[PDB]
Amino acid sequence: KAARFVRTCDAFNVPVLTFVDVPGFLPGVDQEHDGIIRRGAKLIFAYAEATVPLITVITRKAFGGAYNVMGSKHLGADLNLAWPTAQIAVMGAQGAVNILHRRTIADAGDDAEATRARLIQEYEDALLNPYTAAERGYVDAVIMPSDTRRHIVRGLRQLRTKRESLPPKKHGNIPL
Amino acid sequence: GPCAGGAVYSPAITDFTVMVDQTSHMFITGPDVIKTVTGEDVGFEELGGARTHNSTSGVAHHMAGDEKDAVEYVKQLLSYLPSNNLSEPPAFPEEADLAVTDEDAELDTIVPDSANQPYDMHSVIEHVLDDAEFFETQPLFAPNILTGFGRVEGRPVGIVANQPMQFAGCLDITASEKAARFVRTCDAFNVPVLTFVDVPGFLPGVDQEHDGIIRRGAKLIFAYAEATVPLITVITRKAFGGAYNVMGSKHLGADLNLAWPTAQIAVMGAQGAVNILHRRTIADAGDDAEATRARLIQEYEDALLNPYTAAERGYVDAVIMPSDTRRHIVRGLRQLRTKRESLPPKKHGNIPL
Amino acid sequence: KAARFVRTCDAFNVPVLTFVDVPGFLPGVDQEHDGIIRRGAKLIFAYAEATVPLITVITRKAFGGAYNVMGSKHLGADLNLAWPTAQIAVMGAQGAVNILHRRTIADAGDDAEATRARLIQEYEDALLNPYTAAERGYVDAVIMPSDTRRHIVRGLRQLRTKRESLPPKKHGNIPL
Amino acid sequence: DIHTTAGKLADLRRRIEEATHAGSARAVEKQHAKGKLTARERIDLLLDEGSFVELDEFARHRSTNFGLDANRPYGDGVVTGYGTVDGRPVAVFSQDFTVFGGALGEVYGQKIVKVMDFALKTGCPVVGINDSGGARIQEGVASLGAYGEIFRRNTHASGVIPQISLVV
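Chains as they are written, first to last, in the authors' numbering: chain F, 355 to 530; chain C, 178 to 530; chain E, 355 to 530; chain D, 10 to 177.
Extracted from the complex, chain F is given alone in its bound form:
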């Protein structure tokens, strides 16, 4: 749905604002068996292919691959803005340490349920924030939600003039 809408817009010089609150991808063997690997690649491709103004605002969650799918700096988006409520991470607090602190399972046998429940929020209290992404400049700034319109207005003003090149091709070979 989205991948074809981004291309239509890009094709016809229409700027694209993207707002992202995405936990990740729908779980399901039906999702995979029907080709999510190749169908979801279409959104990544559309954004990366795009040359129009792209302004992305992360309101809340962006985890793992879906982070990339939604207009990230890495795919070429010109402005990425994150609200203080944006959690930008590889994966959820639970999933994270449920692997990275593996050695505490039957460790502290009984007090384990309480050993890890705290590690969950010990990390999201220092990780599930836009700020890691901030220091690397993966997001251009963290900002109050009340300023997004003004941010969008001002960016589009500057961005109205954007151009750039890349190597000639008849066309691309987007997953199909």
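Hints listed in this document are in silico derivations from the structure and should not be mistaken for laboratory results. You may find that some hints are simply not true.
[Stated by the list, open to error] Only part of the chain C face toward chain F is listed, based on derived beta-carbon distances under 10 Å:
1. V185
2. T191
3. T215
[Said to hold, decoys possible] Computed list of chain C residues with no C-beta within reach of chain F, every gap over 12 Å:
4. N293
5. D307
6. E310
7. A462
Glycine residues also receive a C-beta, built at the ideal position from the N, C-alpha and C atoms.
Guided by the hints, dock chains C, E and D onto chain F, whose structure is given.
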């Protein structure tokens, strides 16, 4: 090996993905997280093992029994492709036997007489390609259509072809996507496409429609029309309705369209045609249906289910003996070797995704 | 005369409006020995070579080669319009039936006329209209003469933005 | 038969025979008699032996007015296709006086447009073999359209691919 998480999408964008039976897997979502949420569990083998992605998901192009084989299948693939989109595929020039050969002659009988009798399209293809050698992509996915590379006079070519043996050679959504993308791959890298068409039409099914075969089969049409490499299509037998256009027809810009005398180029098959046409005649004087209907279905078959009406309009460049196919392809590729076309500037097209 | 005016208009982005009343070519042996073949061919080249807006109005006769020479659609004209007073055929009436049915005009042909003149008139009423042309789309419309100005106005408005291409040449090779 | 593939094969060969000989044996003699050759034959002599590949060999007209509907000869008064001259690619059309006085029909013009488009696209010369009585009047404006579609191809091609007119 495992390609996990968002990593999966990188290979997705590459042109070809090759994997081995039991020692490679790809998935955005592991099956523990799957059970936790949907309630269902599975193993890595059947979630995203090599086999599943080659027969079911359409994401992989080859399933190798072994890593050395796999590394060998990549080498072949490269050999049919140029180093970049600024060169022709690498040629090992050889001269064709321009006379009729015994192998050629086998094609004059390849086609059974009963429309319901299927023949093996791999054969027709091998008779055309240097050394009867056909390097096939995605043979397990959508077996109803065939795709891959080969050489003619030493020049890589690509193949798209309806396969009667499998589901009557009918087009469906998976066939369309398989083929659509292979055509665009060949186009992008300058390899000519040869199309062999025996095609009844589209797989009837509500699952088909309820996932928009409409925007799915349209991809194939787009690919052929968008293409600028040489296009030669051969109609061995059936070309019905929407399907006719779909398979590399002239109207979509094909350079040379050829038909065997066994080709049937019509809007629809005989039976479905007369039920619609002179339905007045069948109902009245209506002893039973058959009487006049049968005489009508064959008055019709003998009159229009040829390639000849198409031929009087130039839709098909010639009607040929089948044993002359290879020689037609050979001579055509030679002349088409210098094909150049154009079109209004666009950033890119808007193919039905 | 017209060949070069047309090319002059073309080079300088000046739209060309064509009005057509053409019985045909000036019959004369001299006209041939003088090169009408390689000279009248020039007008054809000018129109087909042109990329400016081309709007042609047939007020009356459009016969034979002359039909095409005069900004026909086949040479690329964008809008071709016919009055009902237009006669678009391969040749005049009597010339046509002359060739068409000599058998009839000569068999039972005691009365040679009254058939010849009847076969004509029958030909005229049937073909020396603009409507066969209209059937095939050779002519975009058949209009009341009083609507000419209004057709040209709306057509130019729309044709103002017209663009076409062609394969590189240093230049063409018009008959001289 | 004809409900068998082999009956179809042999059906195609009669077709070939009829298209290969669109004109009457008499008009064939009569062109020979003026000391000239047939449309095919002019091609044979022109192209490298064995290279001629014919296009639209079984094309037929759709003109109903008058009695043309009665006679619809394969090709439509013109032989067309591609081949080589001295090993170099060429596109050819050759007019068959043997047919409707060689009079240019609408399909006959479509065939010519097709080779002209073929050559322009592959970048080879077009050799046009002209042998015609004029416009096939019976089809009316349609013939005038054909002429036009060609003039425009000639102009667009001018100085892109060579065009040679052999007028015989």
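**OP:** If any of the earlier hints don't hold here, list their numbers in rising order.
**Re:** Result: no hint breaks.
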